[PDB]
Amino acid sequence: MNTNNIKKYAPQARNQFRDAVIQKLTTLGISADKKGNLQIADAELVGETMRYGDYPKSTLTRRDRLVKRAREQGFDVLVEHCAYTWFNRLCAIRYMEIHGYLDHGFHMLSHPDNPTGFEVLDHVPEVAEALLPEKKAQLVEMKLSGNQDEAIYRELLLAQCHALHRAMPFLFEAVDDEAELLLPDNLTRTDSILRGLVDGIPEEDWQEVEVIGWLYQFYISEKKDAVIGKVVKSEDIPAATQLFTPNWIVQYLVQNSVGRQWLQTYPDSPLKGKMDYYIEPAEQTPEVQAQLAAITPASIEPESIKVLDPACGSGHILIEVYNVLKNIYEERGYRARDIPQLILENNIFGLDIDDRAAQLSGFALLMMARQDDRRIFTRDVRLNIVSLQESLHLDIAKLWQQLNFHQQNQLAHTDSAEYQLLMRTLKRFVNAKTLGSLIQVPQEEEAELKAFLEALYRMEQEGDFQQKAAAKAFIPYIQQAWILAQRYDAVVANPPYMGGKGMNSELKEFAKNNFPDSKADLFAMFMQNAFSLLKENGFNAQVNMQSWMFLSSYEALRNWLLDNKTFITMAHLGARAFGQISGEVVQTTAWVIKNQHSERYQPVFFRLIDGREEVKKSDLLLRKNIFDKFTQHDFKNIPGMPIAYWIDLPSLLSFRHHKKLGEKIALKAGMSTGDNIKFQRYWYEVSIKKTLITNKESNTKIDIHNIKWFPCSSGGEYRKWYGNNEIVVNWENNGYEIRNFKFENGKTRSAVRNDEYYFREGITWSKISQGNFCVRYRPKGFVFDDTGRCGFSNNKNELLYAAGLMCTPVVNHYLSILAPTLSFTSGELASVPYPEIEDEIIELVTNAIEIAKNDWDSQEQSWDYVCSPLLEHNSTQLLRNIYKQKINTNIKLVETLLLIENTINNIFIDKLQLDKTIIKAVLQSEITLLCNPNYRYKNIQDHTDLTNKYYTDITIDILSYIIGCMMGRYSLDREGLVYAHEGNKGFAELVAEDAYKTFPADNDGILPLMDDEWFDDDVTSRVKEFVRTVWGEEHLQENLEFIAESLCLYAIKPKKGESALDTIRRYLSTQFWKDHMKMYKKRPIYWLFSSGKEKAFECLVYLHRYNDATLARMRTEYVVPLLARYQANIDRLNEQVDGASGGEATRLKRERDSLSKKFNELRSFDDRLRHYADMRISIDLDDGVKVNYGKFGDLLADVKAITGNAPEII
Amino acid sequence: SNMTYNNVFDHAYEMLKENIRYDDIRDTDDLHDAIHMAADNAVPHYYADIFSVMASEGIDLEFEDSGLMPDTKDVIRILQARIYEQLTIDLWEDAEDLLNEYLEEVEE
Amino acid sequence: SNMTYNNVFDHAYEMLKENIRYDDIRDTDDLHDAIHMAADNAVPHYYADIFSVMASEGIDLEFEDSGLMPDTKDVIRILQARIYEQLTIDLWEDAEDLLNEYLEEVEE
Ligand SMILES: C[S@@+](CC[C@H](N)C(=O)[O-])C[C@H]1O[C@@H](n2cnc3c(N)ncnc32)[C@H](O)[C@@H]1O
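Chains as they are written, first to last, in UniProt numbering: chain A, 1 to 53, 56 to 412, 426 to 1225; chain B, 4 to 111; chain C, 4 to 111.
I should point out that these hints are in silico values taken from the structure, not numbers from a laboratory.
Any given hint might turn out to be false.
[What the hints assert, rightly or not] In silico SDA-like pairs for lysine to any residue, Cα to Cα no more than 20 Å straight-line: (1) A:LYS1039 x A:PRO884; (2) A:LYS1108 x C:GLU88; (3) B:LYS20 x A:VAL601.
Extracted from the complex, chain A is given alone in its bound form:
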């Protein structure tokens, strides 16, 4: 079947039918404002003609039963229902003329031998003879005028629907006067809505019945995507939760539920022969085997079994229950023609809130029974597939005396049990359109409700005009209530999926008051409520989202399940199970849970989480990937009690025998500052004197009054032993800013938690970690927030012993059981095993931590940074031979940590009595060191391109240090960080202390980053001065030529004959700013001022070394002296273009041209630096770098890449 014709048509057919009902309402006098507000206009009385906007007068009482319904229901609500219901009434006629189910047998909507005609037009008398016998001579005289074909086609189609009111009353009503008025006109035009129904759906698509389900799903498809994300209105629920389950899941469900009970009583029932999805009860213990046979009845009558889908939708599930009862009656020996009546009446019951999902459902089931019994259409066939109804609109007192039940008129009897039972039930269904089949009814009221429902049926046919219309309104409620009061042998359904942030105000409080253990999603509420609708030995079998199996928000429930109910069989599907959904928003699982408790019971599991829907259907029929080795009492041993069938044995038995990790290490969640952009900074954004970082060069006491920024373990990326020490927070006056930080109304905004554990030694991990899990060492002087949870012990050995564990794959083996997500919170991780303290691990961890501290501290982003790792070897060796020396060193360090990590893993594996096949050891590409090229470069797989990439970052790391030396941030004479605090204070006191006597620190802090040597304190000039100063004038050229080789590898592209020095100056003025952006995470400490995009003047400025008069000096001794050079050289270049001819005069022109555009830019950059320099702007380093970078408008570079906001020009 080509659903594409359907999928394209049904959503458009929804809107065709709606707009066709809206233009029939405008004449009916019913409309709404642009937003939605009803309107009427009494009605004009022209003798016996009512002109509303033009209609007979007898169509006025049937018009004012529609003005009724709108006031209480809504304009956008009635269109959607009535365009759905007529679209339903027609698709059922379209379906019944193709299967020739009409007694008159002529095509009713199309013409077999005419793609554009209608066959009932040609046989007007035949079609009328069957339907309108007395109106033939009048219909015969119309088609004999030849011009009223639209008026004739309408008289018949309605005469067909009144005819269908007897056997299918849920869809075709008779004195449904209100309906017949919304039937559109223009049914015989080339643009009638009808043509699309014949032309948009090939007749092949109409053969099977599931088409009903595809119509069902696709029709409502469009309104779904709008009602998502928001809260779903009570009227939009069916849209936001309507799917269509693959047939092979419904078969598993109905056959492992309905067929199971008939099998448990008559074991050799051949029924098993059809069910291919029937799972075989695992070898049960002969005790439970003996328990189950003492409960099963010795005999079940086929017509005593009673099944219930509380949310059928397309009835898609009921069709299967109908199929499996069909082979119970075929196996029991009942006449083929006698089966449909006995199933639909005795066995199948259905419910739903979508009045129209019940219309289609009952048709799909009646098209099932007509495919087997041609005369079912003649019998009085009551269907137990009703939609739930509200009761905020009933004329209660008019109907109880229109009933005349006790026959009082030839409120009497308010102490009679027919009034007391009547009023008790109308209150349970106050908000039924919103509560659905979740409103419970006691089984004690079954008999009373049923006995009164059949009496209401009685007086619907034996009463007069008053008792008949009256009881006809009452039955919808008493029936659905009796359905709910009845207890069933099995309840199957694909319940609706809707989270609490789509649930509405009425549904939330009902969830809190009736379903505490499963208030989360609707599918849990259905799973729990279905148990209260089952006989003792009844079965519950749904298909649900999988989260109820692992989330600790359901532990209350998973414990309720494991103790009172019994797991029979589950099929764990996972993602992409449904093949008409996009987005990883869906993962699923199916199951069957008996309503009896059997502790020792052994359930069978099927791990079908891989492949597309097609893959799992194959593997299920083929019984692949089975787990039948763990009872529901074994899942009680895993904390939280997660269904975790996929477990092994030794991992299950390690839980009963050891103490929990939490019992020994205090896992503590950090604070929540309330504002990460206000209170958190990178430790280099602010002063080093204003941070609680114990520097190696400040023996002057750390005034704990002056300290404003404290390092904060803020999670970060994957890292195994020490790193991620980058984030400092504002904890001045013990958090006087964060504690008192309230909202604008007074409700406190920040969440200072565990403020007692601050400044302590402990371990830290990334609470939010996409991949594996790992902790780190965290020395004294740290605070921590919520993104970086930290665990503390007092015993430093237990702290280290836990550290080495919490980085092993052994822990990521346990964290996959307790909860498969990305959240490594404090609940699941506390229940991890934790064996006795072995002392061999405590030393392997300390070797590990210091290797990972040494790797981290090797970067200029770590406060424990010392100096460039190149400065550790002999300065006489060639520099290109020193690179080879450091690559061979960094690879040995990786094997040292890898052998330390694997020995920690395999040791933990032996103590916990685990299996080494399951826990894979640590590979090389998993060592969390920055000197490990297989982890730092996950992208490049190659070897020559993986080598050159590493060569480039090392080249950059040593370049950012020579510039750091130039700015005064580091020194060859003094180890570690040197100058780094606000306003260039104290820099001069260090020059008189010979703090930089080896390599001089630049004069003003303005390093001209230009593409030609104009100044002597120019960056490139000083880099050459740096290599000559370190590795010798002897190797200056071999060392410098080698820096151009490594830069042109990946960083930039080569040029022919571009000298090694011009190669380094080119990287600097083009690519270095990029790499320093990347290197400090857009929070640079060397800011790049730019004249423009000619690069007429660019210079680096150390953030810390900035004061009011900095822009002044940049203009005095640079922007001014350079413009008198440009002029003195542009007049000397205009002497030279003239004196050249041939090819050389051309060569000199292009050089006067590139230099003149730099004189106008620097003239337009000076008038803007004359504006911001007269301002004497002074910065507060505490404000962060995002904030200060926008104060300067467009004097800086990438102001929007950094600040996010464009540069405010002036």
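Chain A is fixed; fit chains B and C with the ligand onto it per the hints.
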């Protein structure tokens, strides 16, 4: 030296999932920054890689908004700008989805 | 979809050999046009090819002269401009060689 834009959008998309969680962004009126940074941090750095991204599907060579285009002699910045803009546009098209996904991720 | 700049300079270089012969250019004071056209006619037209040229040796991504750079939202024009400029610069570096080669090619 290959690298696809779809690869790059995936990093950017993941950057923004983190950025929303690290700042507790709730309404779109405060989502702008988290989207801009996620894009900028995902742009490739090498000339070989940046060209590779352009040559791929999901990104064209005509900008939308001149202001985001550096009037500049540095074409790697330009091609680098064009990838920023494309990433931001696509990210906003999933903004309500994520704000819904992150709002709908606690349920507590 | 590969194409090297050295491939492109070869077409441009050959364009200029023809251009000098078809107009009888003798002094460099009249060579400017023939060089500009030869470069423009050699720029690739497809996005796939133009990126391929950039990624190759002999051409960088920073212009020399803003005027030749279309201040434009159309980056294929820009990358297309950058290849024009590089071609013209290289061609002038062989101008006297060709003017000598074409002057020295008749000998009659
Ligand atoms: C079961 S699904 C629809 C798809 C269906 N599985 C099928 O096979 O066609 C959800 C349906 O039941 C409705 N619903 C919501 N809450 C309900 C409740 N408490 N009882 C019954 N139906 C409910 C939804 O609005 C929707 O119409």
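A quick look at each hint next to the structure:
no., hint, result
1, A:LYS1039 x A:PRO884, "holds (19 Å)"
2, A:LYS1108 x C:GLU88, "holds (17 Å)"
3, B:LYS20 x A:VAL601, "holds (18 Å)"
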